[PDB]
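One protein chain omitted, others in place.
Naming follows writing order (A and B), and every chain is counted from residue 1.
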């Protein structure tokens, strides 16, 4: 059938052969049937969603099979054939809950290469497939092996720098999409979608399955599942809630340290320091005369609203 | 006597023989007198709190003295004999105000290894014993020597990366305790206690002599001296105060960008955005009828409190 996705990866395994991570240089969404037919017999792929380990020899074969069909992939395979690290072919017949770590990594790659957008893909059950890993300067290292490797580096006057201990590596160690700035890359997870024209500044954060249409200036905290529309600036220290699908529309503005726990419609402005939850009582104002006191949940998705705290009596107000 | 602690360390010295840092693989709290009597004569240890430099030969001899008593410490010492860097034995009669950099480093390891909790160890005067150092990809570097190594690195088209300039290195460059996640390890200082079941997210920060019993979700800032009880979740960019001892009890919830300048008893909730210091006048409420106006200090360490801001008139309230 028409496969959902396929990618040839080079990854890391621990001493018991558990996959810790996979690097895919050139993942493909909706690969052509020609590529799939050319590669399936060599890998032993028949059907379904499979993570298939392949040898250096198979890499040479696959590189030949795709000379004539896809040069970019062929060229990748020739490099992969000389790898000092294990290779895996991830062929997905369908977009379903991931069943292996390799697949988990592939889907996070589809997001960060921008080939798919937040919510587009099934990520259910991803957490148990992504091992807790020490991310270090020499690569992913198993937690049960790390202590020894740390000591060993010290004996040489070197340092094994461990810059993250988590289930998700930082995005930019796998892919840097075009038209993007990320001041401090520890704050953008693999699986984040950083739209063309987005600057993530140092206080900005973007989790997996979340991000920006682009352009925009992101200095706040975009949580898992939160998408942000084009031309929307997030002030330093602000937050989106990590239930209805939270999002930020196009043209929006979000002051520093502000917190939004409901969807914001296009062209919304939010005041610095202000917090809005679903049950936040707001005074709805007009052209600014009072109308009525409603909960923020009932303004969810509305365009051109301006959320500000009244500095004199502390009342939260929405000027239409 | 019953030593308070001992540890065999490999460290780094500058050109004038001042210690910059020490790495202890296997620090011991209350070592057995068997180990001490096996080690003391070979080092020249009589009494007191001493940081004794030892030679490669002594390392062999110490391993040889501890084969049969403690095989882990023995295995460690034989690795240290093959070191390219200077060794130090730190034997402490008593938990006292630190007198050497080696001793300052050891006490920080006792915390981060979870062998003692915050407040259990004496850290008075630690700041002048911890040199201000440049932490780089090649290790710790004396600030006076740094410019030369920076320039020289550039001449080869390489980079000497300088990721911190401080008295406290990051905990994970020394130890990753079991059952822990720390998304950005630059925000956890050596000397932090990160309990089993803790997830420090990217905005989470944990200073020395501070941290979590575990489990927990730390997306806020745990200041020095601040301990956080089990099952207590700190929101995005919230703060504790770094006087009475500021702590957070068990099963607490602290909302994003809230501040707590008073100790919180068990099962306390604090609303996101609310800032409560000792002299914060709170409208104590009941099963939500009013009662009186008290200062937050008087409600310190009380169980099952709910601190919030009135979104209609700005008043700070506590709901029992």
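Operating definition for what follows: a contact is a pair of C-beta atoms (placed from the backbone, for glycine too) under 8 Å apart; a residue touches a chain by one contact, two chains touch by 3 or more.
S.K.: Quick one: say which of B:82, B:166 or B:304 touches the chain that got left out.
M.R.: Of the candidates B:82, B:166 or B:304, B:166 is in touch with the missing chain.
S.K.: Can you say which of A:172, A:223 or A:320 touches the chain missing from this structure?
M.R.: Hidden-chain contact among the options goes to A:172.
S.K.: For the chain that's not shown, point to the residue among A:184, A:196 or A:250 touching it.
M.R.: Residue touching the chain left out of view: A:184.
S.K.: If I consider the whole complex, including the chain that's not displayed, which of A:138, A:144, A:245 or A:291 touches that chain?
M.R.: Candidates A:138, A:144, A:245 or A:291; residue touching the omitted chain: A:138.
S.K.: Mind pulling the subunit A residues that touch the left-out chain?
M.R.: Answer for subunit A: residues 10, 12, 23, 25, 76, 79-80, 82-85, 136-139, 163, 172-176, 178, 180-186, 202-203, 236-237, 255-257, 271-273, 311-315 touch the chain left out.
S.K.: Touching the missing chain, which residues of subunit B?
M.R.: 132, 134, 137, 143, 146-147, 150-152, 154-168, 186-187, 205, 221, 237, 239, 257-259, 273-275, 277, 280-283, 293, 309-310, 313-316
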